[PDB]
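Okay, so here's just one chain, in structure tokens, the form deposited in one PDB entry.
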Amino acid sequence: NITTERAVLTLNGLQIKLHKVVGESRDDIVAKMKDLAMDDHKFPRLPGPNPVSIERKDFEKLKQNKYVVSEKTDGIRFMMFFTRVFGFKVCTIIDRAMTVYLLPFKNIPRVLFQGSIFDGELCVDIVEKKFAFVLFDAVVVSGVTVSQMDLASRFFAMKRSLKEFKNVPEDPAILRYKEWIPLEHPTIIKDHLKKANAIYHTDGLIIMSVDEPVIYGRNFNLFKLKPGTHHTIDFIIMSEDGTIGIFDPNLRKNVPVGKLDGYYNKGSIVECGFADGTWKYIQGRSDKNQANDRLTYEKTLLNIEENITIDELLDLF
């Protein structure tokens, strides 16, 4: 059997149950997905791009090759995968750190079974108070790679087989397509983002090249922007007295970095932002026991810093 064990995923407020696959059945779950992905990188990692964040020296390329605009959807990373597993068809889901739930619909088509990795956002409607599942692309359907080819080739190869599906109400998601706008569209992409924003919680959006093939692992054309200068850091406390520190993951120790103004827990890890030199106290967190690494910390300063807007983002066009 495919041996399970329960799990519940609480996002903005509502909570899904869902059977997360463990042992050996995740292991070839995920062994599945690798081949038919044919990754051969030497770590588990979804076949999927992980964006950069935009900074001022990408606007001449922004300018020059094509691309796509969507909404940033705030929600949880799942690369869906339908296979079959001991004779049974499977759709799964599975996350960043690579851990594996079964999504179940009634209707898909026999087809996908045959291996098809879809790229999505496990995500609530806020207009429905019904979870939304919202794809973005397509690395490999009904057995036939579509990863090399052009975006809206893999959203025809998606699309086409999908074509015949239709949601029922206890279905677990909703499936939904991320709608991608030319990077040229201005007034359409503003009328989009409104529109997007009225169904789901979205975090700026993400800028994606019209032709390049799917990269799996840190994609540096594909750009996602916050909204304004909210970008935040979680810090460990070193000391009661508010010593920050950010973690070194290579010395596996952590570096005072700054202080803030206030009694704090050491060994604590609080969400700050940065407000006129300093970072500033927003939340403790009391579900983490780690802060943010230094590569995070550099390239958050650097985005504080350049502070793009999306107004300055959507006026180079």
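Positions refer to the first chain, counted from 1. Definition used throughout: the rigid core is the maximal C-alpha set that superposes within 1.5 Å between two forms. What changes on going to the form deposited in another entry:
Put simply, after the core is superposed between the two forms, 261 is the one residue in 35, 261, 55, 60 with a Cα shift of at least 2 angstroms. Residue 19 shows a C-alpha shift below 2 Å between the two forms [criterion: core-superposed Cα displacement of 2 Å]. Relative to the superposed rigid core, residue 247 undergoes a CA displacement of at least 2 Å between the two forms. Comparing the forms between the two forms on their rigid core, the Cα displacement of residue 104 stays under 2 Å.
Please supply the coordinates for the form deposited in another entry, as a counterpart to the form deposited in one PDB entry shown previously.
No partner chains or extra molecules come along with it, only the chain itself.
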């Protein structure tokens, strides 16, 4: 039976009240989304791509091939999944943790429930002070497995399925679509950004291929560019005195890599920022047990070094 507990999400000061599916219901809805998005990945994950941080080396590849660019909305990622379950026409949004919420809307055209997986962001519309779901991309429309098309194919695929659909005040989240600009349109992009920022919280640009089929996982060819004070690592407290370490797989240990200042609990996981030659404490992470691995530390440093800027991106092209 669809078994829901209540829940609330809170974003940028506002609260949404939704129905978390729990129990065998959560599992099926997830399982169904396995089978539709045809993901034979041993372990559970949204059928979605994960961005990676742009680094200098990338520009070459950006200069050659065809990419769109967009606002990195500051929101919660979620896979929107429309399905019928046991006779209930159901609209579910899925968190990265395979957490499932009913996000229902009046006007969802019956066909969507045939099997639609679109990929988008939950976030808060600064203007209405209302919630929105911005649609990035899409993987299956109404049974039509669109993963392998090109982006735009996918985007219109999405666009016209929801064409007749209209939003009603009562509805939980305004649907909207991500306006994806082509890289070679710098002036456009800037303005697009300065438009988007006025309505939503952003964290820089996302840079996606125009042409590759949907990627499930770490998508080394999905870029993020993120204003670089928001680069963090979770170290482990290796010493009362605040020596912090990181994990090194081939050596299999945690290795000291910095010293925080003062007095800290050994074996804590602490989220830290970098500035002025040094890492600084931000908050504890009781919720971890694992520092980041060496690579990540390396990469984030590399990244904090380069201080690649939005303009550096939107000037090359």
